[PDB]
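Read through the structure below, which is laid out as structure tokens, and then see the notes.
As you look at this complex, bear in mind that one protein chain is not there, while each of the others sits in place.
Which chain is which? They are A and B, in the order written, and residues in each are numbered from 1.
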Amino acid sequence: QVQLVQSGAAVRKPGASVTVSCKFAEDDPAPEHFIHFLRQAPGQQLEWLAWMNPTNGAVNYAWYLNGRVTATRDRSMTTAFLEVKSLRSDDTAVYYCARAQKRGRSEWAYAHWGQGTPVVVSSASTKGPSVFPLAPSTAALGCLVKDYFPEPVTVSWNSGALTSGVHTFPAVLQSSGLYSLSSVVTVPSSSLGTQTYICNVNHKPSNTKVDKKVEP
Amino acid sequence: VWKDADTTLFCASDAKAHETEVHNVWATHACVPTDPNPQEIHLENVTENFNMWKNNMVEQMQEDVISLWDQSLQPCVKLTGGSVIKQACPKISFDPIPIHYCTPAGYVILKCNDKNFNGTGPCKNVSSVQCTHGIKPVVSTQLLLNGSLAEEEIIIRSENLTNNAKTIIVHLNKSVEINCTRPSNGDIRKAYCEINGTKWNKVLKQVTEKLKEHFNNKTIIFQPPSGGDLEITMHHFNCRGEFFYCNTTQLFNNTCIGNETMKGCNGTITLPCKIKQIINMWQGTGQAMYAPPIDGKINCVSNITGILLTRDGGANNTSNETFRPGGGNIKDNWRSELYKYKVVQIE
Partner (left out) sequence: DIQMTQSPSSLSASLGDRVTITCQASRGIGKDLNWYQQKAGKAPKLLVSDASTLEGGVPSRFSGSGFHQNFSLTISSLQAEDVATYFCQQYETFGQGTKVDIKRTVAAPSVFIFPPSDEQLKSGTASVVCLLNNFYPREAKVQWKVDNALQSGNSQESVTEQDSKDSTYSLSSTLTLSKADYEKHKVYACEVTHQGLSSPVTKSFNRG
């Protein structure tokens, strides 16, 4: 049940195209299992997109893709490629490739999966987060990490020394098209006044760095 | 008493020993002569299960056809992996002949005779034979050529009709001629196939109605292939040794299938074809290059006796089903002729 290897995360504007590649074999009998492509949007159901026969390039695309999708393989027939054209916002999802096991005759039983390729379709431009304090009143405190694009941000406290009782929530997508999240932690109410609390925020996509002290 | 079993079959044929035609040559050394007076025995009150989709006779025919092509249709250049083989590539004489498949001693072939048997499940009218009928090893895509016809109604075969990853074989009960020509004397590679439009659209209409029975009276739509190599996006076959590729867009033309009295639905349908020198081998072994076509009129008149289809996937399709020409692999061509046979061991 080896993992399939997919290309990295992508950001596209509406109208543009994206290609997701999936290496399913090595370049070194029996019939080859088709390669399947599926996607899963944030907090949505898994959705089948297509299969592709690596032997002859035969394909089958879900009727609801309206011919916007194309699946191909390379000459050595070891890497599959899924191109999605005319992207729209609701194409935003993690895209997977998948395949049945060679030893089996269960063509839909996906023993092999890629790690997933996040694809984000938005009109929004890259932007670092603003970081605001969530001042304390055990007492709770935290940082509001607001108005960034695209995902992800990373958050630590006191440069990693503080890990106990930290909750860093999943990001939500705001109506402005920018993401926002919060990171909270609970501490003794005596800590305040002597113990310094600082959330450290990184946003690789913008090479942005923020360190915010949180105090009452 | 007996039981389903796999064994090494042998072939029989009426090949001409003096002939240079390549099927004749292969069969003269690989097969025995036909049995003049073959024996067939109805097995009264016997019911038997068949499965055309898991039938080892098909694998054996495949090996034979691959072997025939390997020794008869040598390309000038063969490109496999990193190996480049440059050999000699003389023009040949090529015209498939019927091959019968026969069981050895201790074994026998059971044959399903139910008029509308669909390839899977019980047969009520069963007989035993020593050999199959004569099957031409015609290699083609999309359209099945020069095959045998369903006895009564048009028949839809599939391991699972609801499974979009499974090939559908339509078995016609009346053949439609396709007349493919590369004229002499303007590109030498340019060719075309003519088909009687009146005749073809009548048949295709019957096919849609047949599919309606299997898909809950839903709207049935035909479309061109969605993609793939040219061997499968086009009707691909070998005529007189030359490799033809024909565009079938016009054969699957919903306009004329709505029964709508419409202009041009009658009359001759002319498909554009090309003869290619550089091809992908159906045997699965990469690219091969051949020499340019022979001079003069190259003509093949074939019977369309069947159609391979793939059905569009996607859940909640609700209102319709869409079918595109082409499906599966060349083994399925043999399955369409071997569907009614299976081998058993006499115990």
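Basically, contacts are C-beta pairs under 8 Å (C-beta built on N, C-alpha and C of every residue); 3 or more make two chains touch, one makes a residue touch a chain.
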Handout entry: Full-complex contact with the absent chain, from A:81, A:113 or A:148
Key = A:113
Completion exercise
The one residue from A:35, A:120, A:184 or A:201 touching the chain left out of view is A:184
Handout entry: Omitted-chain contact residue, chosen from B:160, B:219 or B:299
Key = B:160
Practice task
Could you please point out the subunit A residues that touch the chain left off the display?
Solution key: 1, 45-46, 48, 62, 96, 104, 106, 108-111, 113-116, 130, 132-135, 137, 140, 142, 144, 146, 167, 169-172, 174, 180-182, 184, 186
Fill in the blank from the handout: Omitted-chain footprint on subunit B covers residues 160, 162-165, 216, 313-318
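As a convention for this text, only the chains that are shown with their structure count from here on.
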Practice task
Under the touch definition given earlier, write down the residues of subunit A that touch subunit B in their complex.
Solution key: 31, 34, 48, 50-51, 53, 55-65, 67, 70-72, 107-108
Practice task
Using the touch rule from the top, collect the residues of subunit B that touch subunit A in their complex.
Solution key: 163-165, 226-229, 231-232, 280, 284, 310, 312-317, 322, 326-327, 329
